[PDB]
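Only one chain is shown below, in structure tokens, and it's the form solved without the named molecule.
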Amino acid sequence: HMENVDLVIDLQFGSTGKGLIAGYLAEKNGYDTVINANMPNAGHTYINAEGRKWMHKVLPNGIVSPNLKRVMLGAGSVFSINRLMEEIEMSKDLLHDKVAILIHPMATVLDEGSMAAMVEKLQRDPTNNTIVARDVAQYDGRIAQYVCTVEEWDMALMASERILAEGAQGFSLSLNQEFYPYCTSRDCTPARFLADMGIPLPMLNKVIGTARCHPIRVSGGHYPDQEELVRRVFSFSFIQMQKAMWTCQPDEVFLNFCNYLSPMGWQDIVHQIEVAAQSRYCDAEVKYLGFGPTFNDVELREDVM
């Protein structure tokens, strides 16, 4: 009942490719439940060993799990119903048989922007029955079939055997990190992600942090030990990693986009990530290395260095 959630988080500016490791872990570990709480975003990509591609803004990338039973969209979600229905249709083969999709009643429905909808939910206007999923489901049957009660949300988490939780955006984009106001509207930290998915703290088993060799901002400042090489590509920042390690405390790290650097380049970053971890009381080791955008391009660090 406890220690059964694996939480995937991005340790830099949100472009580390967390979707690749979510899909990879879902295929390897076969979680029965996959959960997230995304706000509108550019999409998270996973490509399997056969070349099928999923670009998701709403659904978790973990729906590729061979043991999938429950897909859960948390209270912190802010989503377009049109986009959700399109993503379900595109993966109807994975979602039609013995799979339950659950939308938390207090998830926010986007009016067919992100800020105004989140603000509308926070206003708590008693006569407004058009912002939270529980209320929209009373007149929009597209989501009435998936919206659950708070009690049903809790019971689905209790009934889950192994869960994959997928975090949002990235650590340095947090509302309360130093780049404010050039940041997102929430903190991008494990504690906020579990809060926004309604996951009790004892359920956390491990945190998998994702990083890139050259972080990208997709719009805000950068750390003093990095420089630029609408998208801005930066060199690796040790300070960024130290800050992310202290707060996020990952247990394992996936270092992606190693294919764009020389052997010295990506191996030096592997060692810097581990020095950053140790410097901030974190025992994380780099376990996975990404050398391309597909399942076939994820390698075990212990097998290549």
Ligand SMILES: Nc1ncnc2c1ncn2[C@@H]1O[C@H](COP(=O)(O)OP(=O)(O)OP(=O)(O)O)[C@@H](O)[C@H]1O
Contents of the next structure:
Protein chains: 2
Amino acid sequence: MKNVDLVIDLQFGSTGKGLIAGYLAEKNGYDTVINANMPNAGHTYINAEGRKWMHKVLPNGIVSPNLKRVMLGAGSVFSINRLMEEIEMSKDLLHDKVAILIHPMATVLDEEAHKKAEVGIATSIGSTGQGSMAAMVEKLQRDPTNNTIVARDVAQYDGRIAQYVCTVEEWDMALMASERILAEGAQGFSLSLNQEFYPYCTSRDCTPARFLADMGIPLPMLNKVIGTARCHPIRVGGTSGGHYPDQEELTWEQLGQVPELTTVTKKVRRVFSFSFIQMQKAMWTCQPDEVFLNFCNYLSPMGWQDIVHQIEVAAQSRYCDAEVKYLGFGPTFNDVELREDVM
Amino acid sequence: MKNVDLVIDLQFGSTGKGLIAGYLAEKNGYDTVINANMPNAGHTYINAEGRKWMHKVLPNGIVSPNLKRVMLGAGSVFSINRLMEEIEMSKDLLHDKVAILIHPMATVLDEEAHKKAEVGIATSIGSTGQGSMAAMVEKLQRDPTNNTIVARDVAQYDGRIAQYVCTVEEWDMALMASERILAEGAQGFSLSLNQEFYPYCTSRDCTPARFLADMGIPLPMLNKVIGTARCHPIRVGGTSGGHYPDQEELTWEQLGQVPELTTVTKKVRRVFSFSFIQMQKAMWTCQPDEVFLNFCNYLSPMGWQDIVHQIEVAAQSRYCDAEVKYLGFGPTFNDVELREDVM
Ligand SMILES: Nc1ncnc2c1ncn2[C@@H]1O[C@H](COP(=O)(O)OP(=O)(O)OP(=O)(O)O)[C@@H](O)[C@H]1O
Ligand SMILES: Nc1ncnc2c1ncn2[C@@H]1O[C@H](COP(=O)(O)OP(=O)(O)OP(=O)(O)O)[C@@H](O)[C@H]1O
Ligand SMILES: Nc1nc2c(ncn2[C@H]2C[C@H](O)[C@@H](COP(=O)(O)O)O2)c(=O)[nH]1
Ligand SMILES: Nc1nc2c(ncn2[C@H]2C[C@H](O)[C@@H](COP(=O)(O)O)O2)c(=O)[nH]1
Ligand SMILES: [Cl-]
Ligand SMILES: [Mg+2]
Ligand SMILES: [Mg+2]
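After the form solved without the named molecule, can we look at the form solved in complex with the named molecule?
Okay, now the whole complex, with that chain kicking things off.
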């Protein structure tokens, strides 16, 4: 037990979870990396040598030097095409002594039907329109005649995932056999289905409890929660929802920064000032032990040092002993500073 | 912060959670009782005086002598009619100093549309066909024009719940302000969406992680998990799913018991021998601290004493220090024995 480090987002997503996941994977050498991603979530890790991993399926933690298991949780919604591609792109890391385990109930994304089902919400709620919820809904239908939604069933006619699809027992045994686990949450605290921005939110809760549930991680296994934040939280472009009372929407030109986009759609990310309210809210339910404060490169030292003190008191106020341990000044491994080294 | 006692079911549901919830509520005097029930779950508590509470919405813990808050989680799917009936039937317990808090994102069941949507699975997967998932799916749609699915929106035109529907802040504050919390899980571990019986399962995981997530309970708030089990696990009637390799389907006549009828459908419950495999599986992910072993009245002392030893070694085998603390010999408060007193 107590061997799971879970990376969660404290804001509305895209805080740099892919970066801290890959950074911690390299630093801590987890033998097991696990997630429960849906296609709405792209995760980028760039190592010291400049190698980039943009993952929608595989954990970014596959960069761990002691990698034995790659686990794709039951809450996973994935494109097999994308998975194939991602495995291929890191086949050097995903060697013969690395077991890729797809939970039998992980959802196979029907790229045509599921993205087409989310065209409406892609404009109405600014949804990534990636088919995440449409896939999830098809799975929830629990139609016995539907052999095309869960990994277990898809493995029977689509041999590409057949070797990866495990049983629920193998799943549990893989977690039991793991020495140190990196659990990678996706999306963001405030994007949680049950946070206050409904319906301008995602299809699930983006909370440690939900991410552990979606990866089938027993609660005693949780060792550490590394919450991630940006100095200026973002939202996706469009009518993607409101913000907290203590924050204002900013422009990329107001920040003196190049407009951040959603990589494929190129929608300009919405950017907001830091929200203390959001932080207390995220601190209260996410209860991180450690905090990665990213995009410190968008602020002056006084600015990001201030947000560090804000996060830690927002933590303390919500009975959370969160320590901003990591600071991000760029998208690569080299840009992750130990907070104690820079302040 | 550890003040939440979470009641979970270790088998396929109807193990007597309602009973242990009401029993522990009376014994421990929680000021806050919380759940995230869907209409597929009916929980029965009978006190020492013979008063019965068959709850589909309200926690059974409302019988707590120190009750201050009744909380209906965001994962809740409820009929307002049923909620009103249960409030009415317990209006003496739910006085002016008792705050009923319905999470703003708790789902309001559309009895006609949602039950109609689950007619197929009510026969195909033996689903309670109560509209649980159809309500959940409507909520997941996140259509901004849909003002009729979440409690927050429904409270705006349906005044019956208006006083109960809180904000996400009030929700968090109500949990923060609570001294001792009784979290009541529903359904059963093996009914979990991501357990091996898919699609013969429920619309979510019935795991502590999912239950805490669905009630918006921060993980550090978890004090203890009371797992519940029957000596002979049941399933609902019909084509409700398989069983474990170490268990066999029995008849009520084989057990010398009057045929038990499903909470929702008047259908005869399917009954199985005790499954050690099921227990290890439930012990592994549910990780109960305490176990309530119910329906001991269906076995001889040697029989239920054996299942006690089986549960505790199934626990130990899955790194779980679960202690069968409670034994059930009937449906009332008087029938809950301390295991140390009877063996
Ligand atoms: N400090 C930084 N400065 C500049 N760019 C950065 C920094 N940290 C990360 N990035 C980049 O900004 C984006 C952050 O999104 P990324 O997908 O890595 O985050 P995430 O938290 O994993 O997202 P998701 O919400 O999908 O879970 C990526 O394109 C990443 O390369
Ligand atoms: N030991 C017992 N002997 C006989 N009947 C009992 C016993 N314990 C509980 N019951 C009855 O068994 C039935 C099933 O229990 P109940 O509906 O409360 O289960 P539950 O575990 O709370 O439900 P669910 O699966 O919906 O979450 C009820 O009618 C209850 O009163
Ligand atoms: N930045 C970011 N936004 C996301 C992610 N997942 C969901 N969202 C946001 C986009 C919208 O504001 C809202 C609805 O999106 P979707 O879950 O794709 O239906 O949630 C994610 O991983 N990152
Ligand atoms: N005994 C019992 N069965 C349930 C409960 N919730 C769901 N189920 C079972 C009935 C079916 O076998 C299956 C699917 O049901 P449903 O969740 O109602 O769609 O799960 C519950 O609380 N108790
Ligand atoms: Cl107790
Ligand atoms: Mg991103
Ligand atoms: Mg029941």
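If you superpose the two forms and keep the largest set of C-alpha atoms that fall within 1.5 Å, you have the rigid core. Only residues modelled in both forms are compared. Numbering follows the first chain given and starts at 1.
Here is what shifts between these two forms when you lay the two on the core: just one run of at least 3 residues, every Cα off by 2 Å or more, at 113-116.
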